[PDB]
Every structure is written in structure tokens, then in C-alpha cells.
Amino acid sequence: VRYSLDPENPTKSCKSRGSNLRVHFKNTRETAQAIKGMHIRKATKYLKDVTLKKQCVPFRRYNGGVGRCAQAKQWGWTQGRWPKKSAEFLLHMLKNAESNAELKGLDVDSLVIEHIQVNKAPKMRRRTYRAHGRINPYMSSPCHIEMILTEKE
Amino acid sequence: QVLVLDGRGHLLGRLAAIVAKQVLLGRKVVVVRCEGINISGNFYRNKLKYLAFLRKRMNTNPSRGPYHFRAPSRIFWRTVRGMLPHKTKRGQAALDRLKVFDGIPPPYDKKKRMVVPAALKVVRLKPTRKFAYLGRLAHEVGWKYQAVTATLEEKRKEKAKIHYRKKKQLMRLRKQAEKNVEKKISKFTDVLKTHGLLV
Amino acid sequence: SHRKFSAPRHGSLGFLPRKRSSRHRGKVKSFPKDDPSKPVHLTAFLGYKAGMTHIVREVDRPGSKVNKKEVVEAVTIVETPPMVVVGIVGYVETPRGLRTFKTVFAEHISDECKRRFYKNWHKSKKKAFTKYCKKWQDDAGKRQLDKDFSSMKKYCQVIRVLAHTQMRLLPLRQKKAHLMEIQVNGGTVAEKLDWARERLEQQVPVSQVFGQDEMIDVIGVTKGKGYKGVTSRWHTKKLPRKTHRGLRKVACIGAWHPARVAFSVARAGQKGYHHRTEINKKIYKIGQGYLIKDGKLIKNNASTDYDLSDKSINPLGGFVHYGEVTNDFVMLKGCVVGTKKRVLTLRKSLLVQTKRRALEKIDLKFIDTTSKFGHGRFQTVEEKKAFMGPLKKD
RNA sequence: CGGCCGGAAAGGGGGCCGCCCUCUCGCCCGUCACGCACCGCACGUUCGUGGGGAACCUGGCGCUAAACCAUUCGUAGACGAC
RNA sequence: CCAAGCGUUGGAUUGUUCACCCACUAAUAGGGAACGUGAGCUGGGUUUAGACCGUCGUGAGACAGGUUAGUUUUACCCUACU
RNA sequence: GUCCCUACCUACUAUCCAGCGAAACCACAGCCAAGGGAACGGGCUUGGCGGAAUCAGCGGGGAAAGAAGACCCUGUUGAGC
RNA sequence: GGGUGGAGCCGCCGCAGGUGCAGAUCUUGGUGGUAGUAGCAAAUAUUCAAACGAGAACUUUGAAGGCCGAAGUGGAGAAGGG
RNA sequence: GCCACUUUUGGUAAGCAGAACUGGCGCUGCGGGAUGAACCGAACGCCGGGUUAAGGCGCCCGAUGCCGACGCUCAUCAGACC
Ligand SMILES: [Mg+2]
Ligand SMILES: [Mg+2]
Ligand SMILES: [Mg+2]
Ligand SMILES: [Mg+2]
Ligand SMILES: [Mg+2]
Ligand SMILES: [Mg+2]
Ligand SMILES: [Mg+2]
Ligand SMILES: [Mg+2]
Ligand SMILES: [Mg+2]
Ligand SMILES: [Mg+2]
Ligand SMILES: [Mg+2]
Ligand SMILES: [Mg+2]
Ligand SMILES: [Mg+2]
Ligand SMILES: [Mg+2]
Ligand SMILES: [Mg+2]
Ligand SMILES: [Mg+2]
Ligand SMILES: [Mg+2]
Ligand SMILES: [Mg+2]
Ligand SMILES: [Mg+2]
Ligand SMILES: [Mg+2]
Ligand SMILES: [Mg+2]
Ligand SMILES: [Mg+2]
Ligand SMILES: [Mg+2]
Ligand SMILES: [Mg+2]
Ligand SMILES: [Mg+2]
Ligand SMILES: [Mg+2]
Ligand SMILES: [Mg+2]
Ligand SMILES: [Mg+2]
Ligand SMILES: [Mg+2]
Ligand SMILES: [Mg+2]
Ligand SMILES: [Mg+2]
Ligand SMILES: [Mg+2]
Ligand SMILES: [Mg+2]
Ligand SMILES: [Mg+2]
Ligand SMILES: [Mg+2]
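These protein sequence lines are chains A, B and C, in that order. For the first sequence, the working numbering gives the first residue as 1, with consecutive numbering after it. For the second sequence, the working numbering gives the first residue as 154, with consecutive numbering after it. For the third sequence, the working numbering gives the first residue as 353, with consecutive numbering after it.
Simulated from the structure, these hints should not be mistaken for lab results. It cannot be assumed that every hint is accurate.
Within a straight-line C-alpha distance of at most 20 Å, the following computed SDA-like cross-link-like pairs (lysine to any residue) qualify [as the list claims (entries may be wrong)]:
no., chain 1, residue 1, chain 2, residue 2
1, C, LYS371, B, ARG217
2, C, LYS580, C, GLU553
3, B, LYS209, C, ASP386
4, A, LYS73, C, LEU702
5, A, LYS15, A, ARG134
6, C, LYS506, B, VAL301
7, A, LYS12, A, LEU103
8, B, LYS297, C, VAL510
9, B, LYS242, B, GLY179
10, B, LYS209, C, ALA614
11, B, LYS297, C, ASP386
12, B, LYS297, C, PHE383
13, B, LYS297, C, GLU445
14, C, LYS494, C, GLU553
15, C, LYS700, C, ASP491
16, C, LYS580, C, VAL689
17, C, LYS505, B, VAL301
18, C, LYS421, C, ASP715
19, B, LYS297, C, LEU702
Start from the sequences and build out the full structure, keeping to the hints where you can.
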């Protein structure tokens with residue numbers, strides 16, 4: 001399956017992909033932008049104390065109504081939030097990519113997330129029941145994630 | 154390449170009308186001693202005009218309202234930016250080349266400052282009309298630093314006279330040396346007098 | 353149309369950005385205007401709000417109904433341990449204002465004052481002023497840092513000393529000592545600076561700053577009351593019971609055609625913790641602190657010459673939410689701005705004061721020291737057990 | 001090349017005293033000939049060691065920190081903030 | 001005359017704007033802001049459909065005549081202000 | 001406590017987070033004064049001036065949103081009586 | 001021209017038309033901002049340990065604390081559901 | 001249908017209503033009158049050079065930065081172009 005951004009060398013890059021994952025796109029996009037430049041061990045250590053509410057995800061684009069937090073000051077931002085469905089799905093995806101690196105025979109402790117990308121998935125449908133006999137749509141917004149890890153010292 | 158204008162005895166808008174044009178023609182202008190800018194018309198009409206300008210505050214947020222600058226240098230700055238097209242970026246790059254100063258600060262005290270005869274009170278008012286000092290107007294409309302700047306300017310004047318006495322001394326040594334040297338510069342002077350420089 | 357019934361507007365617009373104060377320490381916006389005739393003296397001091405109690409004193413104002421009668425009057429205790437002076441700073445008058453010139457610190461400054469330069473004293477390695485204090489112990493630096501006093505004696509008009517509280521002596525959890533520029537108002541600038549460079553790294557008590565029955569100004573931040581409504585903050589009229597969307601509001605914000613809402617209209621936001629200056633607070637008594645004299649300490653800093661007890665200024669069970677005042681204190685008339693255990697600034701008065709109430713001599717004759725943690729019935733522990741008798745536990 | 005002063009409003013690359021050196025050079029007239037004379041042709045001539053940004057170089061003398069989160073406080077507090 | 005800095009109220013009657021009166025007062029001046037101000041409130045009045053009375057109309061019904069009961073919807077957007 | 005004259009306490013909210021998450025509305029959009037103008041501008045003119053991204057409220061303004069005005073008039077459009 | 005694409009297409013002369021969109025509070029389909037927002041607030045209330053499990057505020061068992069309180073949050077019907 | 005010079009009717013009057021002559025606007029840009037359906041100049045294919053109209057030439061803003069001419073004018077509400 002063709003990814004959006006080709007790696008500069010497939011001999012050193014290991015890749016992973018998760019299609020149609022039922023988490024919110026706006027949370028998952030920004031918790032991917034949090035880790036778009038990290039080492040893989042620092043990335044997993046980040047994603048665990050995102051769940052444990054000790055380091056936050058700076059909500060930078062999809063940020064309306066998101067309340068402030070004290071932990072966002074270390075991202076040079078005011079707003080932040082600690083999502084955990086998004087954290088654990090692209091934590092399982094790092095376990096997938098880290099399995100693929102040892103399948104390809106790569107040095108695990110030097111992997112850096114080169115490219116990470118969250119797209120919108122085909123939006124599943126539920127209904128809700130509103131006043132005066134009306135019914136409004138109540139969709140869910142799942143996401144497609146792809147990710148490329150790359151060895152660098 | 155930097156034009157240092159004096160400010161004493163110059164009319165306010167008559168000076169600003171040419172400071173604006175030299176600034177738009179790319180010439181970095183620093184006017185100095187904006188205390189002694191004088192405005193025509195008498196003091197009470199000019200103070201009534203500035204108090205009427207103070208009345209013009211925005212009703213719902215006077216912090217967003219017109220900033221009435223009380224310093225004389227910034228009164229002159231605002232009356233130049235009235236004459237400049239300060240919304241456009243050439244007018245904004247124009248105002249960055251005007252540099253106003255209350256009194257004469259030490260970057261420009263030991264520099265020879267220029268006078269515009271075409272904007273000056275003794276030239277452009279007939280002498281029975283009565284003018285109005287911008288320094289006194291700004292002071293008793295609420296500029297807090299008249300006496301401080303007056304003592305600092307008195308300190309500068311009593312030091313510029315120490316400079317000028319030495320300049321007089323050097324010119325007298327020069328014109329007493331020239332008579333000692335007139336036997337051996339008799340032919341260097343004569344070719345200057347035939348070409349109109351020393352007679 | 354106009355208002356049918358004219359009425360004065362709620363609130364004052366002079367205090368208008370009713371926000372949280374950026375400072376916790378009250379800051380002196382104007383020290384008293386200097387004159388070269390008087391001898392040199394500090395013009396401000398810091399203290400800590402302990403609490404409130406009574407006073408009984410005989411009033412001498414010829415003309416009132418209370419001449420040679422005895423009122424009671426509420427007072428405020430401000431614990432004021434002596435402040436350590438740790439620097440001076442000079443100021444030169446400029447046409448753009450009053451610029452700072454040359455700050456000169458002392459040699460040895462205490463590590464309760466060193467706390468102030470650190471947002472986290474634990475994680476730090478306490479390295480402040482270490483390369484600076486070595487200038488005082490070599491001739492390469494001594495001729496450097498007295499040449500600048502010689503320039504401060506030429507180019508400075510205003511010399512402000514730089515003191516700090518001494519929070520080792522206070523009952524508080526905090527150890528980070530507040531520090532303050534205090535303007536020295538006195539003779540010429542040479543006298544003014546050759547007075548204070550001897551006060552450098554030593555004490556200044558209260559009794560050589562202030563005196564008794566002097567009016568002073570209290571600077572400080574109010575007791576913060578949170579994000580409160582418009583009837584709680586601006587005291588606007590409560591709308592009647594029948595209102596649909598709530599009744600603790602301002603009904604009409606503004607008119608139609610001024611198409612904004614004005615800055616004068618009462619709105620709902622922060623109430624309290626505002627910086628305030630409150631003038632003409634009178635010293636009734638400058639207390640003397642606890643000191644040990646010949647084995648046993650002397651404690652009676654609330655004994656008057658009409659009472660003759662051995663009770664301290666402390667009530668039974670201490671000042672509620674403060675602790676016990678073991679230091680020399682200042683007893684202000686009436687209430688002052690701030691909650692308990694809050695830093696307050698005492699400023700000498702900007703005004704000249706020849707009034708019949710400002711020139712009044714104060715000679716107290718009782719100080720209430722009963723328990724503030726409830727309706728206190730007894731002045732002291734000895735009189736309490738003398739009235740009660742032996743208990744079950746005794 | 002070493003010392004004495006001149007500076008605060010937004011601080012003076014200025015004057016002076018010595019030294020070990022060095023020169024009859026510079027400036028104004030003349031004498032003598034040389035220096036790509038690049039063959040009629042454009043942005044040449046400077047302030048220019050320009051301002052900023054990285055990596056290379058060799059040496060000398062010096063430096064080994066705080067901030068923020070997390071914990072706590074409750075003089076503060078919607079949440080942050082303090 | 002200079003002058004809008006600061007005030008200009010509490011009530012009985014009426015849906016009242018106006019009006020009238022009691023009492024204090026220093027004074028109880030006049031007004032403008034879409035005849036300020038209903039996503040601010042109230043709904044007494046007018047101005048729906050139910051009703052009764054007078055007058056007019058043969059009649060359905062009509063009345064700048066009276067009386068009685070009669071749903072007052074939404075802000076999370078942007079600006080403004082706090 | 002209807003008010004003078006407001007104050008305090010409790011529960012569920014609102015607020016913050018974990019998860020799940022819509023709708024009305026939308027020409028482009030949003031800072032003001034005056035001028036002229038379809039005779040009341042966010043846009044034009046002359047000025048005032050203008051600083052990322054945002055949070056809790058608020059009810060001035062968008063002549064805010066809903067509903068091809070229900071009052072009035074025109075219709076050679078009707079119906080009930 | 002370049003790319004994708006995998007089975008048909010066009011120039012000229014004549015002929016014929018259901019022949020050209022920005023609008024119709026246009027018809028049908030999709031998608032934004034609002035927006036990670038309003039909100040998920042009627043009827044008092046949950047807590048500890050263990051088990052199964054990849055996983056537990058919500059399942060189950062045990063204990064404890066509560067409620068409906070015999071006109072019930074109980075036990076059984078008729079209509080309806082299938 | 002509307003406006004304007006002059007003639008003119010009703011009305012206190014109106015950016016009101018009703019006429020006559022002619023020109024405009026509507027159907028129409030452009031320079032000027034800051035702003036502008038109608039006023040002053042002028043009506044238009046796309047451009048280069050020159051020159052004007054009405055209006056301007058302290059500065060915004062092209063042009064008086066003429067050694068322009070003769071007077072009047074002091075305003076504690078100056079004055080400033082159909
Ligand atoms: Mg955003
Ligand atoms: Mg919002
Ligand atoms: Mg619902
Ligand atoms: Mg239903
Ligand atoms: Mg009034
Ligand atoms: Mg109601
Ligand atoms: Mg008490
Ligand atoms: Mg109205
Ligand atoms: Mg309403
Ligand atoms: Mg409204
Ligand atoms: Mg009614
Ligand atoms: Mg009716
Ligand atoms: Mg909310
Ligand atoms: Mg959430
Ligand atoms: Mg524009
Ligand atoms: Mg509105
Ligand atoms: Mg509406
Ligand atoms: Mg209609
Ligand atoms: Mg007809
Ligand atoms: Mg019919
Ligand atoms: Mg096929
Ligand atoms: Mg066909
Ligand atoms: Mg279309
Ligand atoms: Mg189409
Ligand atoms: Mg919410
Ligand atoms: Mg049953
Ligand atoms: Mg059963
Ligand atoms: Mg007419
Ligand atoms: Mg008409
Ligand atoms: Mg025509
Ligand atoms: Mg035309
Ligand atoms: Mg005009
Ligand atoms: Mg004509
Ligand atoms: Mg031409
Ligand atoms: Mg012009």
C-alpha cells in the first residue's frame with residue numbers, strides 16, 4: 001500500500017499503518033504532532049505519561065474550547081489535554097512498527113519517527129433524538145494513521 | 154547623511170511641512186529641542202485647541218481612543234504623522250526616519266544643528282503678532298518634565314560655552330599665526346585671492 | 353429618553369482595571385517629596401498583618417461629646433521585625449523620567465534574602481552573588497566599587513536604600529524574604545549616601561523609622577474574593593424576584609446606538625486582591641518585642657501605665673490564622689487592607705498634617721487580649737484559672 | 001609601545017606625559033622615465049574587517065547554571081494563573 | 001455671567017407617559033442616546049381566538065367606549081465589554 | 001427578604017478532565033467617530049489607529065436567528081357566515 | 001509536453017436537437033466553519049476484596065451501606081408485541 | 001420615472017406634490033467638487049509623445065521651493081471656493 005511520503009531509504013526505514021480506527025481525529029492528529037519528531041523510546045515514555053496525566057498534548061490547531069493546563073507551558077502553548085484512546089492506539093502502532101523493525105533486522109534503540117500522518121476515515125453513522133420530534137445525525141469520526149520510523153544515531 | 158534640525162523659534166506646522174517632505178525623500182531627520190517650537194496665535198487660543206483635542210476620547214474605551222501625547226517632541230511627532238500617509242508602508246517607513254527629542258540629548262549635543270529660515274517665527278510672523286511656546290503649552294497641559302529638561306539644558310549651555318571659548322581661542326591663534334606666516338604664504342594666498350576665496 | 357430618577361453611579365472608575373494585582377507585595381507609587389533640610393531617615397517599612405483587637409483610651413478633643421470620655425476603638429496589629437539593609441540604588445532625573453543608575457549590593461547578604469532570587473531554592477545550587485561578593489575582598493574591586501559611589505554622589509538625585517524583611521523571626525511557613533527599595537529623604541546626596549553605606553548589611557528597626565501618633569499610609573493588596581458577580585462586586589441593585597434569566601445582574605448594559613458596551617458599565621469579573629493605598633492610619637503604639645533580660649524574658653508589650661499586667665499583645669490561643677507576635681509591632685488605628693499573614697507596606701505620609709485629629713496625643717489605658725477564636729471571656733491564663741479554679745485535669 | 005585627564009539625558013576609539021625604534025619617506029613646485037597602452041561602450045570608485053546565519057581553524061586566559069512540569073502550600077483560585 | 005464637577009429623593013391614586021397631593025430637602029431643573037434600554041425583566045395597558053354591558057345594524061357583526069381571562073422562544077458564533 | 005439592603009449555607013449544574021459528541025446559522029466577514037449615500041456602515045472618503053493563538057462570563061451591536069408580515073393596501077385571488 | 005489511465009475517439013462539408021449555468025428560500029448527492037463545542041444534570045448512593053479475563057468505576061460471587069415500603073422499583077394477568 | 005437653470009401652481013415650508021422649455025440621470029465610464037445617480041469639465045476600441053478643460057500647486061498629493069504685486073483682517077466660536 002502506497003504511503004503518502006516515501007522514505008529516503010527503505011533499507012533503514014521501517015513502516016506501519018492502521019486503517020479505520022475508532023478514535024477522534026482531532027485528538028489523534030495533535031497527539032501525533034506531539035511525537036512527529038521524537039525518538040521511539042522518548043515517544044513511548046511520552047505516550048505513557050500522557051495516559052497517566054503527567055505530560056500533556058498541546059492542542060494547537062483543533063483547539064476551540066479546550067481548557068488550559070499547567071503542563072502545556074513546556075510546549076510554548078497554553079492549552080493542552082491528555083487523551084488516552086488516541087495515546088493507546090498510536091502506542092499499539094509503535095509496538096507494531098517496533099515489531100517490524102526487528103522483523104527487518106534493524107537497530108531498535110535508534111529509531112526516530114520520521115513521518116506520522118492522521119487522515120479522516122469513512123465517517124460511521126448513529127442517530128440522536130432531539131426535541132419536537134426531530135432526529136439529528138450523531139456521527140463518529142475515526143481516523144487513518146500511518147507512520148514511518150527511521151534509524152539515526 | 155543625517156539632518157539635525159534645531160527646534161527653537163520654528164513654527165510648528167511650518168517646520169513639520171518640510172520635515173515630512175524631506176523624510177519622504179529618504180533623508181533621516183533628527184529634530185532636536187522641540188521645547189522651543191512656538192505656535193502662532195496667542196497662548197490661550199493654542200491651549201484651548203489642545204484641550205479641545207484632549208476632549209476627543211473614545212466614549213466606550215478611551216484606552217483605544219486617541220493617544221494625546223503630552224511631551225513636546227511627541228506633539229511634533231503626531232503633527233508630522235498627520236502630514237505623512239502613515240497607513241501605507243511608505244509612510245510607516247517614513248516615520249521611522251523622524252527622530253524627535255525634548256531638549257538636546259548627548260547623541261546630538263556635540264553636533265552642529267541646522268536652522269530652517271523658511272519655517273521660522275521671525276521670518277513668517279509679523280512682529281506685532283503674538284505666538285505661543287509649545288514647551289509651556291505642553292507643560293501646563295500635562296508634560297511633567299519642564300524643570301528637569303530646563304536644568305539639563307542649562308547644564309548643556311554652560312558647557313557649550315566652555316567649548317566655544319576654546320573655539321574662539323583656536324581661531325585667534327590661527328589669525329595671529331597667519332600674520333607670522335604671511336611672508337612665506339604670500340604666494341599661496343595670492344592665487345586664492347585671484348580666484349575669489351580670501352578677499 | 354432620560355433617566356426618570358437620577359442616582360449616583362455604582363462603583364468608582366478611578367480604580368478601574370479591577371484585576372488581580374501583578375504584585376503580592378504592596379509597592380510604593382510615590383515616596384514623600386524630599387527636602388535637604390531634615391536629617392536622613394527611611395521613608396517606608398514592611399510588616400505583616402497579625403490581626404485585630406480593641407483599645408480603650410481617653411479622648412481629648414475640646415468640643416466633642418467625647419472629650420474626657422473613653423471610647424473603644426478597633427486596631428490592627430502589624431508585626432514588624434527589623435529589616436536588614438542589603439544594598440542601595442541611585443536614580444537620575446531624565447527628561448524621559450527617572451532612570452536607575454547603579455545598584456550596589458552589600459558584601460554578605462543572608463540566605464533568607466537570597467531566597468528571593470530563586471523560583472525554586474531546593475533544585476538550585478545557591479550560586480547567586482557568589483562571583484559578585486568577591487569584589488569586596490580585593491583591592492581590584494574595592495577601588496572599583498567605591499568609584500561608583502563617587503559617581504552616585506555626582507549624578508544621582510534620588511538615593512533609595514534596598515532593605516528586606518527578616519522572615520526567620522516570623523511564625524509563617526514562608527522563608528523567602530520580601531525586599532523593598534526605601535527612599536532615603538534627608539540632606540545632600542553625599543550625606544544621604546554616606547549615611548546608608550554604613551547601614552549596609554545591618555539592621556534597621558521600626559522605631560527609628562516611625563513614631564507614636566503619626567499618620568501613615570498602608571499599601572497592600574486586598575483580600576482576594578475570587579471571580580464574583582456584578583451585584584457582589586459593583587453593588588448594583590438586585591433585580592426583582594420575577595425575572596426569568598436570573599436576578600443578580602445589571603439589567604440594561606448600554607443604549608442602542610453607541611454600538612458597543614462602555615468601559616464604565618458594571619460587569620462581572622475578579623473581585624478582591626487589588627492593590628490599594630489607604631492613607632491616614634494612625635500608630636497608637638509601637639510595641640517592643642520579646643527580649644530575654646537576665647534569664648527570664650520580659651513579655652509585657654501590651655501593658656499600659658493604667659493596667660499593670662504582664663500580658664503580651666497575643667490573645668489567648670494566639671492570633672487566629674497568624675501565630676504569636678514575638679517581635680516588635682505597630683498597632684494601626686482601624687482596619688487595614690489585606691488578609692491575615694499578609695505583607696503590608698508602611699509609608700510615611702505624603703501630606704503635611706496640622707489637623708486637630710492628626711496632632712492628637714494618644715495615651716492608651718487598656719488593650720484587649722482575649723481569645724479571638726470564639727467569644728473570649730478572659731484576658732489572660734492566670735486570670736482564667738483564678739476565676740475557674742482547679743479543673744479535672746489539674 | 002607604558003602612565004595623566006576629558007564622559008551620565010541615551011556616558012568620550014579625544015587631548016596630554018614619557019620609550020628602545022624609525023624616517024628625511026609623506027606635503028608644494030620642478031627632473032627623469034616606468035607600471036596589461038587590455039585596442040571608442042554598462043552596474044567602476046567606498047562606509048566594508050558591513051548586519052545576520054551555520055560549520056570549519058589554531059592557540060591563550062576564564063565558566064561550570066537556572067527555568068518549567070510533577071509534589072506541596074492556600075495569603076490565591078472556574079481552568080490556567082498567583 | 002463663567003459653569004454640567006457633583007447632586008436632583010421617599011410615597012398615596014392611576015397601566016400610565018403627563019397629572020395631582022402628603023413629607024423630607026440644598027434642590028426636589030429640563031432633557032438626548034432607534035420617542036436609550038422585551039435573546040434584560042415585567043405583561044398592568046393596548047392589539048388575536050372565550051365571555052358580559054351600552055349604542056348602532058333586520059343580520060353576520062362594529063365601536064381611537066368600559067370591563068374579564070388570555071404561552072413573551074434561542075446565544076456555544078463574531079465584534080464589544082468584564 | 002416583596003422591599004429598606006442585601007448576606008450566608010446545602011444539593012444538581014455550569015467550570016476542568018477520561019470517553020462519547022450533535023444542531024440552528026453562515027455573500028465575504030468582523031475595531032470606532034464624522035461625511036456623503038437608499039436620508040442610522042464592518043467595507044467607500046477623511047481621520048482615530050491596528051500584534052499570534054486563546055479561556056470563563058456577558059447580553060450593546062451584527063438594523064442577530066425562526067417564518068415569502070398575521071396589521072395596512074393592491075389583486076377583477078379565495079373561503080366561513 | 002509530462003503523469004495517471006486501459007478501450008475507443010476525432011478534423012472538415014451538410015443535417016437534426018432534451019445543446020452551454022452562479023443564482024430560481026432551485027432538485028439530488030457529498031462536505032465545511034460553528035466544533036472536540038452545546039451537552040451526556042428528574043426521581044438520596046455507593047464502598048472493599050476475590051474470580052473469569054488480553055483488559056474491569058459498570059459483569060459475577062461474598063461482605064457492608066442504602067432505596068422501593070404491600071395504592072411498591074414485589075408476585076401474576078387482559079390488549080398490544082411475536 | 002427622477003434631477004437641474006430660468007418661467008410657474010398648491011402649501012408656512014419640505015431631500016413635498018403638480019406643470020412648461022431645454023439639458024442631464026436612468027442606459028455612463030473618465031478629471032474635478034475629500035465623500036457622492038443628476039453639479040463643473042468631458043462622453044470611452046488597445047497604446048506611445050505633446051497639450052488642455054473644470055479644478056488646483058504648504059504636507060498627505062502631481063504642481064508656486066515665483067526673492068510674485070496691492071491692501072484688508074486678530075477672532076478667549078477666526079477664516080477658508082457653484
Ligand atoms: Mg484554532
Ligand atoms: Mg467558545
Ligand atoms: Mg436528546
Ligand atoms: Mg416524539
Ligand atoms: Mg437627570
Ligand atoms: Mg416570567
Ligand atoms: Mg473570632
Ligand atoms: Mg424606545
Ligand atoms: Mg423578549
Ligand atoms: Mg435588545
Ligand atoms: Mg394584559
Ligand atoms: Mg378578545
Ligand atoms: Mg461551557
Ligand atoms: Mg471531554
Ligand atoms: Mg479596502
Ligand atoms: Mg443584540
Ligand atoms: Mg428578528
Ligand atoms: Mg409578503
Ligand atoms: Mg384592476
Ligand atoms: Mg366566492
Ligand atoms: Mg475491459
Ligand atoms: Mg437528444
Ligand atoms: Mg451549479
Ligand atoms: Mg451543470
Ligand atoms: Mg462541554
Ligand atoms: Mg410485577
Ligand atoms: Mg414477574
Ligand atoms: Mg416634483
Ligand atoms: Mg412622490
Ligand atoms: Mg442615451
Ligand atoms: Mg454622465
Ligand atoms: Mg465638499
Ligand atoms: Mg452651464
Ligand atoms: Mg497621454
Ligand atoms: Mg487638492
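Margin query: Going through the numbered hints above, which ones does this structure break? Give me the numbers in ascending order.
Written below: 2, 3, 4, 5, 15
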